[PDB]
Amino acid sequence: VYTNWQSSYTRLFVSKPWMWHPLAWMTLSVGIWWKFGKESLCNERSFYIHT
Amino acid sequence: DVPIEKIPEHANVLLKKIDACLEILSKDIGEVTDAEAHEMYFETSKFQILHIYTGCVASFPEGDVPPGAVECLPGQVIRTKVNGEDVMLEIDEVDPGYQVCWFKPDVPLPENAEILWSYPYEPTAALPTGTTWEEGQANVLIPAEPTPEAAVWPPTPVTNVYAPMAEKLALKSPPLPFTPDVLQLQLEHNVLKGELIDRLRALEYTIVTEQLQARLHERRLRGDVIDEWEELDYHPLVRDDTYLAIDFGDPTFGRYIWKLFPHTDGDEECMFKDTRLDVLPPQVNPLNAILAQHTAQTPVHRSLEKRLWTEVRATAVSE
Amino acid sequence: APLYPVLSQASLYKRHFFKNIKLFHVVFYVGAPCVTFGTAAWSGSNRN
Amino acid sequence: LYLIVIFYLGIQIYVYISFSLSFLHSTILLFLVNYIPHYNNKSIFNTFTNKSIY
Amino acid sequence: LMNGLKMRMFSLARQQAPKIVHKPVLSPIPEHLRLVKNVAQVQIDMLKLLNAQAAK
Amino acid sequence: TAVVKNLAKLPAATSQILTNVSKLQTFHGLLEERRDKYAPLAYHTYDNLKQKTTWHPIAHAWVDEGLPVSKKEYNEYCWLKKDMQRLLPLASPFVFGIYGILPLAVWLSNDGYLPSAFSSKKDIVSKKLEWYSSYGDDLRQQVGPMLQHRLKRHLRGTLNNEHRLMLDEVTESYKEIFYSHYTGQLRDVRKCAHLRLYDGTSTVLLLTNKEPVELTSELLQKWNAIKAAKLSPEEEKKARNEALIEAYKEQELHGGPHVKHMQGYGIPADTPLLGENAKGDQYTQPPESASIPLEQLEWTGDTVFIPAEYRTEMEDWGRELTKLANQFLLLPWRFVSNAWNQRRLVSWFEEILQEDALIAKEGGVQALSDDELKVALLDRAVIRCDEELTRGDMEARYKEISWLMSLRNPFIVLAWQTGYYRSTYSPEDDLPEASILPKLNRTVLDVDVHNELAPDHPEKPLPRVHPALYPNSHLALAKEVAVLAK
Amino acid sequence: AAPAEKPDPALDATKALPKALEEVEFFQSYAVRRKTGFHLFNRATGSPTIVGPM
Amino acid sequence: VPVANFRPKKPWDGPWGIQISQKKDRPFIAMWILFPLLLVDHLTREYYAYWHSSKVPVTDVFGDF
Amino acid sequence: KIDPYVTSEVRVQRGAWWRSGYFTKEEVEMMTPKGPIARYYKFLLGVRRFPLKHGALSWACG
Ligand SMILES: COCCOCCOCCOc1ccc(C(C)(C)CC(C)(C)C)cc1
Numbered sequence: 002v003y004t005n006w007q008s009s010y011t012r013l014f015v016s017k018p019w020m021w022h023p024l025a026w027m028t029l030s031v032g033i034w035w036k037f038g039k040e041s042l043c044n045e046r047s048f049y050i051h052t
Numbered sequence: 107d108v109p110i111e112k113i114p115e116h117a118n119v120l121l122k123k124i125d126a127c128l129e130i131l132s133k134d135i136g137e138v139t140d141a142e143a144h145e146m147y148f149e150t151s152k153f154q155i156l157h158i159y160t161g162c163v164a165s166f167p168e169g170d171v172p173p174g175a176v177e178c179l180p181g182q183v184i185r186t187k188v189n190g191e192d193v194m195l196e197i198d199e200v201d202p203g204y205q206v207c208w209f210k211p212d213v214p215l216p217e218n219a220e221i222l223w224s225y226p227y228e229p230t231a232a233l234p235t236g237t238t239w240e241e242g243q244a245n246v247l248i249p250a251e252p253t254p255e256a257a258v259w260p261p262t263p264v265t266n267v268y269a270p271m272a273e274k275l276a277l278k279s331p332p333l334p335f336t337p338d339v340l341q342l343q344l345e346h347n348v349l350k351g352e353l354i355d356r357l358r359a360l361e362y363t364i365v366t367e368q369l370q371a372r373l374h375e376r377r378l379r380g381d382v383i384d385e386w387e388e389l390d391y392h393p394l395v396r397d398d399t400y401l402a403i404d405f406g407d408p409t410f411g412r413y414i415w416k417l418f419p420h421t422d423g424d425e426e427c428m429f430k431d432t433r434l435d436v437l438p439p440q441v442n443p444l445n446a447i448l449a450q451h452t453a454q455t456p457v458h459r460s461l462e463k464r465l466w467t468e469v470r471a472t473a474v475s476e
Numbered sequence: 002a003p004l005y006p007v008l009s010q011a012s013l014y015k016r017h018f019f020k021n022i023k024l025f026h027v028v029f030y031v032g033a034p035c036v037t038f039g040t041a042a043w044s045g046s047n048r049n
Numbered sequence: 221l222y223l224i225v226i227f228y229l230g231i232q233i234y235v236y237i238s239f240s241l242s243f244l245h246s247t248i249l250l251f252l253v254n255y256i257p258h259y260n261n262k263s264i265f266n267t268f269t270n271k272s273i274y
Numbered sequence: 057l058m059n060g061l062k063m064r065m066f067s068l069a070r071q072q073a074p075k076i077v078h079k080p081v082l083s084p085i086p087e088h089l090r091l092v093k094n095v096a097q098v099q100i101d102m103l104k105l106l107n108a109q110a111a112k
Numbered sequence: 002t003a004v005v006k007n008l009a010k011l012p013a014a015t016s017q018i019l020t021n022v023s024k025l026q027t028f029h030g031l032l033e034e035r036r037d038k039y040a041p042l043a044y045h046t047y048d049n050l051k052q053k054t055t056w057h058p059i060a061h062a063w064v065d066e067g068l069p070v071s072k073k074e075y076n077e078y079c080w081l082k083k084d085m086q087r088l089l090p091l092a093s094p095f096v097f098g099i100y101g102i103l104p105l106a107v108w109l110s111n112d113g114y115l116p117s118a119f120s121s122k123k124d125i126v127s128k129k130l131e132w133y134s135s136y137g138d139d140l141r142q143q144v145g146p147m148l149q150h151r152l153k154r155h156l157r158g159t160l161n162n163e164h165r166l167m168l169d170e171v172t173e174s175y176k177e178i179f180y181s182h183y184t185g186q187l188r189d190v191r192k193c194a195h196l197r198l199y200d201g202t203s204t205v206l207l208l209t210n211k212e213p214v215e216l217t218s219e220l221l222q223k224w225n226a227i228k229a230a231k232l233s234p235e236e237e238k239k240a241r242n243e244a245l246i247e248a249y250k251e252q253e254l255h256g257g258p259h260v261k262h263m264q265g266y267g268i269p270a271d272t273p274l275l276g277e278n279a280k281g282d283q284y285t286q287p288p289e290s291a292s293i294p295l296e297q298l299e300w301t302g303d304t305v306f307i308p309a310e311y312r313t314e315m316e317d318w319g320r321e322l323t324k325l326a327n328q329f330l331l332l333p334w335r336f337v338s339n340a341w342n343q344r345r346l347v348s349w350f351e352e353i354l355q356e357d358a359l360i361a362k363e364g365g366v367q368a369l370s371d372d373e374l375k376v377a378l379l380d381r382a383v384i385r386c387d388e389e390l391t392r393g394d395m396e397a398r399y400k401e402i403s404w405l406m407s408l409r410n411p412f413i414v415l416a417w418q419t420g421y422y423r424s425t426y427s428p429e430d431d432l433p434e435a436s437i438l439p440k441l442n443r444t445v446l447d448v449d450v451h452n453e454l455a456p457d458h459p460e461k462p463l464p465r466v467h468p469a470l471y472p473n474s475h476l477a478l479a480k481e482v483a484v485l486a487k
Numbered sequence: 007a008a009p010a011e012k013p014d015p016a017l018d019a020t021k022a023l024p025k026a027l028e029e030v031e032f033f034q035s036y037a038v039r040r041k042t043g044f045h046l047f048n049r050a051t052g053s054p055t056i057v058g059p060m
Numbered sequence: 010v011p012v013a014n015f016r017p018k019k020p021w022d023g024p025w026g027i028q029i030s031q032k033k034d035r036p037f038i039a040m041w042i043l044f045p046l047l048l049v050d051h052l053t054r055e056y057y058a059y060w061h062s063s064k065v066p067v068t069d070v071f072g073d074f
Numbered sequence: 064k065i066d067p068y069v070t071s072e073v074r075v076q077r078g079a080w081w082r083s084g085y086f087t088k089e090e091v092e093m094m095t096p097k098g099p100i101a102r103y104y105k106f107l108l109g110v111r112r113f114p115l116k117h118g119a120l121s122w123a124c125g
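Residue numbers (PDB author numbering), protein chains in the order written: chain j, 2 to 52; chain h, 107 to 279, 331 to 476; chain i, 2 to 49; chain f, 221 to 274; chain g, 57 to 112; chain a, 2 to 487; chain p, 7 to 60; chain s, 10 to 74; chain d, 64 to 125.
Please keep in mind that the hints were generated in silico from the structure rather than gathered at the bench. Misleading hints may appear alongside valid ones.
With a Cα cut of at most 30 Å, we get these calculated DSS-like pairs of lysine-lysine [unchecked claim]:
#1 41(p) to 62(g)
#2 116(d) to 53(a)
#3 274(h) to 75(g)
#4 24(a) to 72(a)
#5 32(s) to 23(i)
#6 93(g) to 278(h)
#7 271(f) to 239(a)
#8 12(p) to 262(f)
#9 250(a) to 88(d)
#10 38(a) to 53(a)
#11 250(a) to 271(f)
#12 10(a) to 24(a)
#13 20(i) to 64(s)
#14 24(a) to 116(d)
#15 19(s) to 123(h)
#16 88(d) to 239(a)
#17 123(h) to 75(g)
#18 238(a) to 250(a)
#19 24(a) to 271(f)
#20 350(h) to 104(g)
All chains, full assembly: derive it from the sequences and hints.
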C-alpha cells in the first residue's frame, strides 16, 4: 500500500509543515550570520576583535 | 445457478476452516521461566545472593544475632538445591518477633531456635545434594489457575415453523392451515438467498485473516520470534490502515476508540478487554417500523380491499 | 509459503542485541568514561 | 550536588517549556479561536441546485 | 510457608520450548455460519412443503 | 523501448493532434453558444479569508438538459480536453531551449503521459480503457487509501480531539462507509449521505424587490407545476409571485429564514440612526423597499445558494487533501492554489453530470455496452480494472454514485469512491484460498435510493432491508422492472 | 463558546507526587541493612550524622 | 473464483515489514560504532593554539590559496 | 472585479446586498471601483473574447 513515508520523501516533506520548520530554521540562522556575523567577525578586516 | 440446498455445504466448509483456525489461536504463550531471562531480577536484589549448600537455616526470636550466622532478611535471595531442583528462594515477610539466619556447621545455634531446613554433611561431594523438604516441613502452594468459562458467542434463535408442517405431512403421507401467497414467498426467498450468499462471502473474506493470523501463530508456538512488522503483514487490512496513520504522522490514540465504541468511554484499559458481548447488534427487524407506518397512513377500506386483491388473485390462478 | 525475504532466527537474535538497548544503558555506560576522561576530570585537567 | 543540579535544571527547563507554551497561547494562538456551533441538517437526501430553478 | 517465614521459590532451568495455555478465542464467525445454516434450513423446509402442496 | 516506439508515430500523431484540436474547438463553440443563452451567471466568490476563489457544483456545475449531442461525442470532448492538458510538455523547449528536449523524451517514454494521437486504437471507449488499464487505475489505486485517511482525519481531526469534533449519530454510518473493507459487506449510499450531518442545512435564498425568501419544497413544487402548465407570462409571473408572497409570509411566521441565526451568515436589521439623527423613539432607518407594498413582491431572477458546509467545505480541506482528491480523479494537481484545483474538480463534476444526463436520454445504463459501462465507472472512480465484476453490479454502482453526485457534495463522493480502492496483499502464496461461492452479483433493484434511512444509533446498527420487501414495491420498482425484463 | 466539556481525570494532578514517593521508597528500600558489621560514627553529642546513615 | 479486496504486491506497495524493521535498527547499530568514535574524537584531540603559537591550523576549503 | 457585491466580501455582509433597498443606487455606485482597470473591464463586457474556466490557463494567458 502506497505511502510517501516509504516511497517519496518529497511529497512527505510537502505534506508536513513540521518538516518545513527545521529547514526554515536553518535558512534563517544562515541568513542571520550572513547579515550580521559575517562581515563583523569573520572578515579579515574584522577578525582582530577576537583578540 | 446456486440452489438453496447447497448453502449448508458451504457453511460446513467455512466452519471447518474457522475451527482449524481457532484450535490454533486458542493456544497462547505463557510466562517465560528461563532463569537466564530473569537472572537480573536476582542480581539487582538489595542483598547479595547466598549460595547455600551447607549448614542449616533457623528461625529464632529477634535480638542479638549469634556471631557467625548470616542474616536472611526480607529481600534476601538464596541459591539452593531443593529435592534435586536448583532454585532461588527470596525471603518475603518474615514474621514479627522473629528472624532467620543461615548457620554454618561451625556456628552454634542459640536456644529456642527452630531449624526450618537443613543440609547434610557431604564435604567430599563435588555436586551437592541440597535439601529434602518433607511433607509438613514446608507448605508449597501451587497457583490454582482456575480456567474460567470458555467465552461463548450468543447463538441467535431461528423459528422453523415449517418443520412441524413437514412432520404433519409425513403423518398424513390440506397439510397447511392457510393459503400461502407464492409470489411473496418467492420474493422473500430470492431476497434472503442473496443475503445469505453475500454473508458467506463476507465470512470467507474474514476467515482469510484468521487463517493468516493462525499460520503465524503456528510459528510463534514453535518458539520462533516474529518481528513487529513481519507480524503486521499477516494482518493485511490493519497493516494498511496502520501504515497510513504513520504517513499522516499522528501517533495519538484513544478517543477514536471512545467515539466509535462509546461503551469504552472512560475505560483506560479498553484494549485489554473483550466487551463484544456486552454490546451486540440488536435483533430488531426494521421492517416492523416500516409496515406500521404503512398501515397508519392507509385507511381501513384499503386494508379490506387487499383481502379482495388476494382472493381474486387466488381465483385467477385457479382458473 | 512466505513471499517475503524471511529473516533467519540468528539474524534476529543478533539484531535484538542492538535494538534492545534502554536509555540508561547508553547514558551511564557512556557517561562514566566520558565524565572520567572528559573536559571535567582528566582531559580537561591535562589540556588546561 | 548531583541531586541539587538535576532538580534545579529540570525545574528551569520545565519553566522554560511551560512558560513558552503558555505565552504562545496568550500571544499567538488566541487569534485562531473560531468556535463553530453544530447546526442540524435536514435536506440530506435532496439538495436544491441551479437546475431546480433554472 | 514455614513456621515464622514466608518465601518465594523460583526454578532454575532453561526453557527450550514455549509453554502453551489453551485460552479459547471468542469469534462470531462460527455462529454467523450456524445462523446461515438455520435460516437456509428454514427456507428449505418451506420450499419442500410448498412443493408438496403445489403438487401432492 | 516505448520512447522509440512513440517517436516512430510522432510524425503520424501531429495530424491527429491538430484534427482533435479542431474537433475540440467546434464542440466548445457549440457548447458555449448554448451556455451563453441557456445557463445562468455563476458569480465568483472568495473564501472566508477572502484571498482565493471557492467553488461549489450547485452554482458552477450547470447541466444542459437538452444538449443535442451524442454521449460518445461528449466523451470525445472531455478526453480531448485532457489531451490538451497532456500536450503541455511541448512548451518546454520553447521556454528552456534546445536542451528542453529531455522532458519531451520523458513525456514520450510512458504512453500514459501522452494524448490520444499516440494510441493505436481508434474508438474513444477502447482508447480510454487502454489508458486506464495501463496507467490510470494503477495511479489511482495508490491514492485511494491515503485520500480516505485524509478525509477521515479531516472529520475526526488531529491530536486526539475526536470527542470535540465527531458526532455520535454519524458513528455507525462512518464505520460502515470507511471500515467495510474489514467486514467485506456492501455499503448503502444513504449511510454516506449521513456524513452531511456534519454540515448545516443547505438553503437557497431567492432575491426579491423587498426581501430574500428561503426556498422550500412547497414553493419549488408550485413553481414546477406552473412551469408544466405552460401558461402565459402574465399568468405565470402572477402565480409565481403569489407563491412567493405566500412563502414570504410562511417564513416570517417561522421566525425568518434559517440564515439569520447561523454563524458566519446573517441578514442585517434596519440600519441605525446615529445621535441627533435619531428621531425620538425611531432609532432605525428602514430601506427603500419598505415603501413598496408587499403585493408587488417580484422575484429578481437572482438566487443565493448557501450550503452551510461547516466541516465539509472544500476551503477547509487543505493544501494536501485537495491535491489528493485531484490525483485520485486523475486530474491536474501540481503547483496551483486550492482554488484552481477546486475549479478542476467542479469541472470534472459538471462533466460527469452532463454525461449522466446524456446517458439517461440515451436509454439509461442498460443501453450501454460492457466496455462503455466499465469506462463510465472508471471515470466515476468506483471500479478498478483488477475486479472483473458483473453487469448488474456495475449498473448498481453507477446508480449509487449517480445519486450521490446528484447531491452536489464532493466529500461524500470521494468517501464513497475510495472504498472501492482498498485492496490488500497477502504475505503467503497459498492464502487467500480459492473461493467456493460465486462472483458477486447485484441488480439496480438492490440499490435503495427511493427511500430515506435514519442514522443508526451508535453501537446499535440495524440490518439492511431490501427495497423489494417494502410495501407497494412492485409499483415503485416498475420502471426498473420494465428496463431489466426488456 | 460554551462547549460544556466534562472534567478529564487525566488532566488532574493526583499521581505525580505518589509516583515520585514510590521512586524514593524504592531507593530507600535498598538502605535496609543487617545488624552484623554495623558501625556508624555519630556526632560528639551522640546524635547521628546526615550523610553517614545514607 | 478468488477472494475480493486481495491482490499481489506491487512496487508501489513499498517494502515488506521485515525490511522496515531492518531500516529501523540501522541507527541502533551505528550507535555502537559512533559513541566510541565520539569518545575517540574527544580523547585523541589536541588544542589548536597556545601562548607560544606563531601559527594556527588553517584549512583551505576550496584550494583558492 | 466591477460589481461591488464581490469587491465588498471582506468588509460587508452578504445580507446587506440581499435586502433590496439597503444600499441605494448612488450608494452602490460610489462603492464601485473607478480606476482605469475597472473602466477597461466595463468596456470589455461588451467586447467579444474567448472565455476559459477560471484557473491556470486564464492566468498563463496573461
Ligand atoms: C529518581 O528519583 C529518585 C531520587 O531519590 C533520591 C532519594 O535520595 C535520598 C536517599 O537518601 C537517604 C536518606 C535516608 C536514609 C535512611 C538514612 C532512610 C534512614 C534510616 C535507614 C535510618 C531509617 C537512606 C537514604
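Okay, the hints, checked on the actual structure:
1. Restraint check for residue 41(p) and residue 62(g): the C-alpha separation of about 21 Å stays at or below 30 Å, so the hint holds.
2. Annotation: proposed proximity of residue 116(d) to residue 53(a) holds, straight-line Cα distance about 15 Å (limit 30 Å).
3. Using a Cα cut-off of 30 Å, the hinted pair residue 274(h) and residue 75(g) is violated, with the two alpha carbons roughly 56 Å apart.
4. A C-alpha spacing of about 15 Å is found between residue 24(a) and residue 72(a), which places the hinted pair at or below 30 Å, so the restraint holds.
5. For the given pair, residue 32(s) sits about 19 Å from residue 23(i) by alpha-carbon distance, which is consistent with the 30 Å threshold.
6. Distance restraint check for residue 93(g) and residue 278(h): the Cα-Cα separation of roughly 28 Å lies within the 30 Å cut-off, and the hinted pair is therefore satisfied.
7. Under the criterion of a C-alpha separation no larger than 30 Å, the hint pairing residue 271(f) with residue 239(a) is consistent with the structure, at around 22 Å.
8. In summary, the hint linking residue 12(p) to residue 262(f) is supported, as the alpha carbons are separated by about 29 Å, within the 30 Å threshold.
9. Between the alpha carbons of residue 250(a) and residue 88(d) the distance comes to roughly 27 Å, so the proposed pair stays at or under 30 Å and holds.
10. Straight-line distance between C-alpha atoms of residue 38(a) and residue 53(a) comes to about 28 Å, which keeps the hinted pair within the 30 Å bound.
11. This hinted pair checks out: residue 250(a) and residue 271(f) have alpha carbons roughly 25 Å apart, not beyond 30 Å.
12. About 21 Å separates the Cα atoms of residue 10(a) and residue 24(a), which keeps this hinted pair within 30 Å; it holds.
13. A C-alpha spacing of about 47 Å is found between residue 20(i) and residue 64(s), which places the hinted pair above 30 Å, so the restraint is violated.
14. The straight-line distance between the Cα atoms of residue 24(a) and residue 116(d) is roughly 19 Å, inside the 30 Å bound, and the hint therefore holds.
15. With a C-alpha separation of about 29 Å, the suggested pair residue 19(s) and residue 123(h) falls inside the 30 Å cut-off, and the hint holds.
16. Among the hinted pairs, residue 88(d) with residue 239(a) is consistent with the structure: their alpha-carbon atoms are about 27 Å apart, no more than 30 Å.
17. The suggested pairing of residue 123(h) with residue 75(g) holds, with an alpha-carbon distance near 25 Å, which does not exceed 30 Å.
18. Taking the CA atoms of residue 238(a) and residue 250(a), the gap is about 18 Å. The hint holds against a cut of 30 Å.
19. Distance check on the hinted pair: residue 24(a) and residue 271(f) sit about 28 Å apart at the alpha-carbon level, within 30 Å; holds.
20. Distance hint between residue 350(h) and residue 104(g) is fulfilled; the C-alpha atoms sit about 16 Å from each other, no more than 30 Å.
Consistency with the previously given hints fails for numbers 3, 13, ordered from lowest to highest.
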